[PDB]
Structure formats: structure tokens, C-alpha cells
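Next come the chains, spelled out residue by residue.
There are 2 protein chains.
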Amino acid sequence: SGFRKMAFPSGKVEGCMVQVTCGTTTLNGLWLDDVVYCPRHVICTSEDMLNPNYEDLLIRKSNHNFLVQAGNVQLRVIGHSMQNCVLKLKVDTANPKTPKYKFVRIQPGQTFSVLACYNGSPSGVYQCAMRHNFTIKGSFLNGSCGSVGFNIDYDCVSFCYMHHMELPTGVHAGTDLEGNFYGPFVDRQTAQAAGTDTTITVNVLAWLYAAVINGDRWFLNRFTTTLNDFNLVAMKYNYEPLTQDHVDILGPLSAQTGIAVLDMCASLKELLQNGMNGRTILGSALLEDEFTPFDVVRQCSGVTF
Amino acid sequence: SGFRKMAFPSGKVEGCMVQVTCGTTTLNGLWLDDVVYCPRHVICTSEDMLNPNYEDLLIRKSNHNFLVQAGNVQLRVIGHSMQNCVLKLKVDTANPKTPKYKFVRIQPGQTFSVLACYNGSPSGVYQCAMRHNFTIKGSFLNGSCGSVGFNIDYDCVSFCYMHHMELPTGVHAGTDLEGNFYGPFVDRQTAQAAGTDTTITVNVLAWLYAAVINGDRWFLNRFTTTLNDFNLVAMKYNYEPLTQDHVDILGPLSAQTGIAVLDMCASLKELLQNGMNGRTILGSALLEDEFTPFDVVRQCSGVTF
Ligand SMILES: *[C@](O)(C(=O)NCc1ccccc1)[C@H](C[C@@H]1CCNC1=O)NC(=O)[C@H](CC1CC1)n1cccc(NC(=O)OC(C)(C)C)c1=O
Ligand SMILES: *[C@](O)(C(=O)NCc1ccccc1)[C@H](C[C@@H]1CCNC1=O)NC(=O)[C@H](CC1CC1)n1cccc(NC(=O)OC(C)(C)C)c1=O
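Protein sequence lines, in the order shown, are assigned to chains D and C. Quick note on numbering: the deposited numbering labels position 298 of the first sequence as 298, and the sequence is numbered without any gaps. Quick note on numbering: the deposited numbering labels position 215 of the second sequence as 215, and the sequence is numbered without any gaps.
Extracted from the complex, chain D is given alone in its bound form:
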């Protein structure tokens, strides 16, 4: 047993990471088949960043202005196009290590692994979640742009995230792989504010179920509640409202433990109102909301890829 913030194995994704340079700017790209994907702002110089006209900057460019490097090797760029906020560079070599893959758009509350990259090399791997203000709480430095987030389902890699920018308070914003930002953000260097964030209620409940599965059960009381009486307390704490769909999703965990979802809600209601008082749950002093139900199940049963 035990319970950890767990990321997917990053192997299939490491073999797709390359370095892309255009003039003065080096960042990361994603090489699948004969196409490299990277943030379109690789074509900007630090002056252009205030309000770049990207199509203007782009026409001024030709195939050989983009240096794509795959480790030791140099790839040949035989075409380029721009889709929303990503650059598509057609190269002459298909990536032999391309995995089976899809491009997915995730929704607020869902989680994914991030492979943090610098100069086409992977630096480290960590798990995080799309928040309700469409930011993520990442760990990104200069040169991390173009790093990607992903999930795995048996052998297929689902790419959901490409990293573009840092926002006030050290949170991060990026796009899906078709180049559309999550949230109301733009790839220009102007003042941008992330909205207010809410705790992902359904994920907190899933993590409470994981604690029970693992032996930590001191927080279980003997009351029950309704959705309305729960939502009434939850929203005075900026928890996301719980819906009947959320109850349904937690069904399997409720089954595995024998604890009805609305009883677990009663335990959470009393946790919110009365605090932890120095106790921890699964080694944490806070209520962890970056485990989805499907994460808890995946880790507590042993799903491999």
C-alpha cells in the first residue's frame, strides 16, 4: 500500500522531444511522425513580444530559419505552418520512436503528467491538474516552453498540454496540441490575470477514499448529509459545487470501501468546518485535490501501461 503523487512513465514521450531554434530563441518541440510541434512564439525576438503580429513575423521566415535538433542529429525542415498558437514544421524524417498517440483537450479538474524539458532534453517528470481558472501549478524555467503534458491509456499517449507562459503567482498557462489556449490567455507579453481558483471537490473526496483504502480512517464520522447541505458548506469554502454526476463518478470507490458518497461528504463537511487540528491524512496536512477518482483507482489497483 501507500499513496504517492505518481506520474506516468515518461519513456514514450522522451523519444519525441527535440530542440527548435529560430534566430535568437531556443525552446522545445514535439516530434511525431514527420511533424515537429512547438509554440509559435519561437519566431519572436524579445522586442516583438509586446504585441507580435505572428503572421507578419511568419511570412518573413523560411524553412531553413528553423533549426530542429534531435539530440546529436539535425533534421531538415521542408515546410512550416501555423495553427492557432502552435507552429507545425514538416521535416523530412518520420520519428522512428513515435508512439501511438492522440491529441486531447482536457477539462478543469482532470490531471496529467508533465515532462519538463530544456534544449530538447528531459529534466524531470511530475503530475499536476488543470485548475478551474485554466492554469496549472507547474515547475517551469526559461527554456521550458514546448514541454508537454500527457496521459497514457494502455499503449496510447494522449497529449493534452504544451507549455507557453508563466502568470502572476507562479502558475502556468499553455495550449492543447492544436494550439488553443486553455483559459483566456494570449501569447503576448502583456498584463494577464488568472481568475479565481476553486478546490476540485470530487478529487478531494477521491483522495479521502484513497486514505480509507490505505488504512487512514480517523476522519470518518457517523453522519450523512445531502448534496444541498454539503454544497451549502462547500461553497463558503470555495469548493466546487458537487453534482449528481460527481456522486456517480465516485461510485466505484464508494463500492470498494463500503462508505456511501454522501457519508464521505459528511466527513468532509466536518473536516472543512473543524480543520485537521494537527492531524495528517496520507502524510498531508491539507486536503489534496490533484487526484481524480480514476487516479485513485489506477494507483490502488495497479493499472500498468
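Hints were generated in silico from the structure; no laboratory data involved. Even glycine gets a Cβ: it sits at the ideal position worked out from N, Cα and C. Mixed in with the good hints there might be a few duds.
Straight-line distance between alpha carbons at most 25 Å, and here's what the computed DSS-like set of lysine-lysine pairs gives [as the list claims (entries may be wrong)]:
{"id": "1", "chain 1": "C", "residue 1": "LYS100", "chain 2": "D", "residue 2": "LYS97"}
{"id": "2", "chain 1": "D", "residue 1": "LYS137", "chain 2": "C", "residue 2": "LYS137"}
{"id": "3", "chain 1": "C", "residue 1": "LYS97", "chain 2": "D", "residue 2": "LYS97"}
{"id": "4", "chain 1": "C", "residue 1": "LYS97", "chain 2": "D", "residue 2": "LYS100"}
{"id": "5", "chain 1": "D", "residue 1": "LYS88", "chain 2": "D", "residue 2": "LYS61"}
{"id": "6", "chain 1": "C", "residue 1": "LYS100", "chain 2": "C", "residue 2": "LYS90"}
{"id": "7", "chain 1": "D", "residue 1": "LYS236", "chain 2": "D", "residue 2": "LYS137"}
Chain C regions said to be covered by chain D (calculated; three or more residues, Cβ under 8 Å) [stated by the list, open to error]:
{"id": "8", "segment": "8-17"}
{"id": "9", "segment": "101-112"}
{"id": "10", "segment": "116-123"}
{"id": "11", "segment": "168-181"}
{"id": "12", "segment": "284-292"}
Let chain D serve as the given structure and place chain C with the ligands on it in line with the hints.
Structure of chain C with the ligands alone, referenced to chain D:
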């Protein structure tokens, strides 16, 4: 910026994971060159586990009793030997995907990434630390045995951990890759008890430095202290005594921030004595101790592999 529990990219290690079966027992093995490593208790049946005589069990075995499977493929076992608590199975094929690697014995306080595996397939990756009682706080299920822990330096994989067992309170114990247990544990099914754990003081200080680097500075006060006055408070909280070697190790972080180590100690002294009072540091409500100074530097500067 930002700061996450970050694991190493697991690619180089995924290509070394295989499934080993012997009679009734399937677990994981580590395939480097023409040798597969796995826990010697793969040769035990559930009745032998109370007090196995391993050399007796082992002589009763022959090369073909060990089924080694590398994904789709079956490997042929042309020899076997036992070193302390690991089994060495010589196979007829060298692993083409073997990375540059070493076997290292890690000390209490040091960290490493764990690639959690089931039936030779990787399930997930997470970071953890060798505790001062020689346990680790892992996430391991039935069939996880033989999963390994590792670090990376440039291109070389340092293997430090092979997983063997669960102990009371859901902590875990295993060996280095030469088959010697960390701590006073044995691979028999008898009552074994993890000892008293201490907080890794030098790592807490490193994480406080990471918070400052990332703009979380509310806990900084304006006092200083000495080693003795710090150790006096720390040991009243089961923190590990801080030594002059520990001060020295934190030098670089102290340099990068401009905050002397003994001033940061004064901030920690007041954190211990006065608690967080509902504030968080880098998103946590507890004092994190599973980031070494190297880790903080690694993540806040962008070291790639
Ligand atoms: C990303 O472009 C990147 O990695 N580029 C390669 C590179 C950048 C700098 C030096 C060498 C190589 C960065 C990633 C950022 C940088 C630090 N941590 C990150 O997540 N993204 C940007 O720099 C981004 C450009 C996007 C298109 C508009 N950018 C530009 C200007 C300002 C900010 N953010 C900012 O000012 O942060 C606050 C907190 C508001 C001060 C920005 O993300
Ligand atoms: C490991 O051997 C393994 O994965 N074996 C393959 C396998 C086991 C069971 C079913 C199918 C396939 C396990 C890993 C354990 C199991 C669950 N989580 C883990 O980390 N290691 C053991 O089972 C271990 C054998 C080691 C040589 C002595 N073992 C045996 C008997 C008891 C325990 N622990 C235990 O009883 O835990 C407490 C908390 C004390 C109840 C044990 O780890």
C-alpha cells in the same frame, strides 16, 4: 518558476524492466547486459515464507525453472546465482537498451525516483527518500517486488533501490542492487518493525530556500541563531541534529538567496515553535523534508539529463 515533487525521466529504466516467474511467483526483474536481477524470494512459495532456507530452495532449482519475459519475448536463462538477497540470472541475450549505469548505496536523507512496476510493466513514477530508519514511504502493491529506485547524472543511471517488502504503517523496505537490505530487515515473513523516524533537517532548510527562490518569503524573520541553540529546539521535535557539514552543503542555496544558513535556521526555529497557523509554504501545510539541497538546485536551475 513553481516547485513540484519531481521525478527523473524514467525512459532509460523502463527499457530494463522484465517479468520473472518461478513456479507460482511472478515479480519484476532488472535486465542490464546479459544479467537479470530480482529478489531472491521469487523462488519461494507462500509456505516457505515463514523461514525460508534460500540456499536449499535454490539448489533445488535449475535454469529452466526461471521464466524471464521481456515484453513479447522470452529470454533463455543459461545460469543463475544468488548474491545476498538478489538473484542473478545470466541470460543469453544482452539487453540492447542497457543504459550507462552504476550500482550505488544511498544514505539516509538522500532521495531517488521509483519506477513502480507490475508483471514487468511500468505503472508510474514517483520521488521519495531513504528515511533515517531505512524505510521509504512508497506506493507498492502485490507484484511490485523488483521495482527499482534510481538517480540520473548526465547520462548515467545510478541504481540504489530494489523493492522487497511492506512494513507496519505502510512503509517499505528493500535492498541495494548487490542484495543488501537497507536497515535491519530480512526477507522472511516474520514480525519486523520499522524504527523511530526523524525529520531530515538539512532537507527542510533546502526546501525553505526553494520557497524563497520562488517568492514565498513570509516566514523569514530577522533573527539569527547558533547550531547549539537550533539543535536544542530541533531535537525536542525529532528533527535530525544539524551539523557543520550540513551548513556547508547549504552554502550554494544561501549564496543564491543572500540568506545566511543560521538566519534560515532562526526562521525554522520559529516555524517549529510557533507552527504555520494556516499558512502554506510552496502549497504545503507541512514542513517538507524530501527535497535535498541538490534537488532544489537541480529544479530551480534546470539541470537536464
Ligand atoms: C517560454 O517561452 C520559454 O521557455 N522560452 C524559451 C526561453 C525563454 C527565456 C530564456 C531563454 C529561453 C517561457 C516559459 C516561462 C519563462 C519562465 N517560466 C515559464 O514558464 N514563456 C514566456 O516567456 C512567455 C512568452 C509567452 C508568449 C507570451 N512570457 C513572456 C513575457 C512574460 C511572461 N510571464 C511573466 O512576466 O510572469 C509574471 C509572473 C507576470 C512576472 C511570459 O511567461
Ligand atoms: C513482493 O514480494 C511482490 O510483489 N511479490 C509478487 C507477488 C506478491 C503477492 C501476490 C502476487 C505477486 C511483495 C510486495 C509487497 C506486497 C504488497 N505491497 C508490497 O510492497 N513483498 C512481499 O510480499 C514480502 C515478502 C518478503 C520476502 C519477505 N512480504 C511477505 C509477507 C508479509 C509482508 N508484509 C506484511 O505483512 O505487511 C504488514 C504491514 C506487516 C502487514 C511482505 O512484504
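Hints, verified against the model:
1. A threshold of 25 Å between alpha carbons decides the hint, and for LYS100 of chain C with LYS97 of chain D the separation of about 20 Å falls inside it, so the pair holds.
2. With a CA separation close to 24 Å, the supplied pair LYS137 of chain D and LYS137 of chain C stays within the 25 Å bound.
3. The hinted pair formed by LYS97 of chain C and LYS97 of chain D meets the criterion: a straight-line CA distance of about 13 Å does not exceed 25 Å.
4. Note on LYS97 of chain C and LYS100 of chain D: the hinted pairing holds, with a Cα-Cα distance of about 20 Å set against a maximum of 25 Å.
5. Note on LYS88 of chain D and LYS61 of chain D: the hinted pairing holds, with a Cα-Cα distance of about 13 Å set against a maximum of 25 Å.
6. With a C-alpha separation of about 19 Å, the suggested pair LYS100 of chain C and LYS90 of chain C falls inside the 25 Å cut-off, and the hint holds.
7. Proposed proximity of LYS236 of chain D and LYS137 of chain D is supported: the alpha carbons are some 23 Å apart, at most 25 Å.
8. Counting residues of the segment 8-17 of chain C whose CB falls under 8 Å from any CB of chain D gives 6; the rule of at least 3 is met.
9. A count of 0 residues in the segment 101-112 of chain C with a Cβ less than 8 Å from any Cβ of chain D is obtained; the coverage claim is therefore unmet, three being the minimum.
10. Here the segment 116-123 of chain C counts 7 residues with a CB under 8 Å from a CB of chain D, which clears the bar of 3, and the coverage holds.
11. Only residues whose C-beta sits within less than 8 Å of a C-beta in chain D count toward coverage, and the segment 168-181 of chain C has 3 of them, enough to reach three; the restraint holds.
12. For the segment 284-292 of chain C, the stated coverage by chain D holds: 3 residues have a C-beta nearer than 8 Å to a C-beta of that chain, and at least 3 were required.
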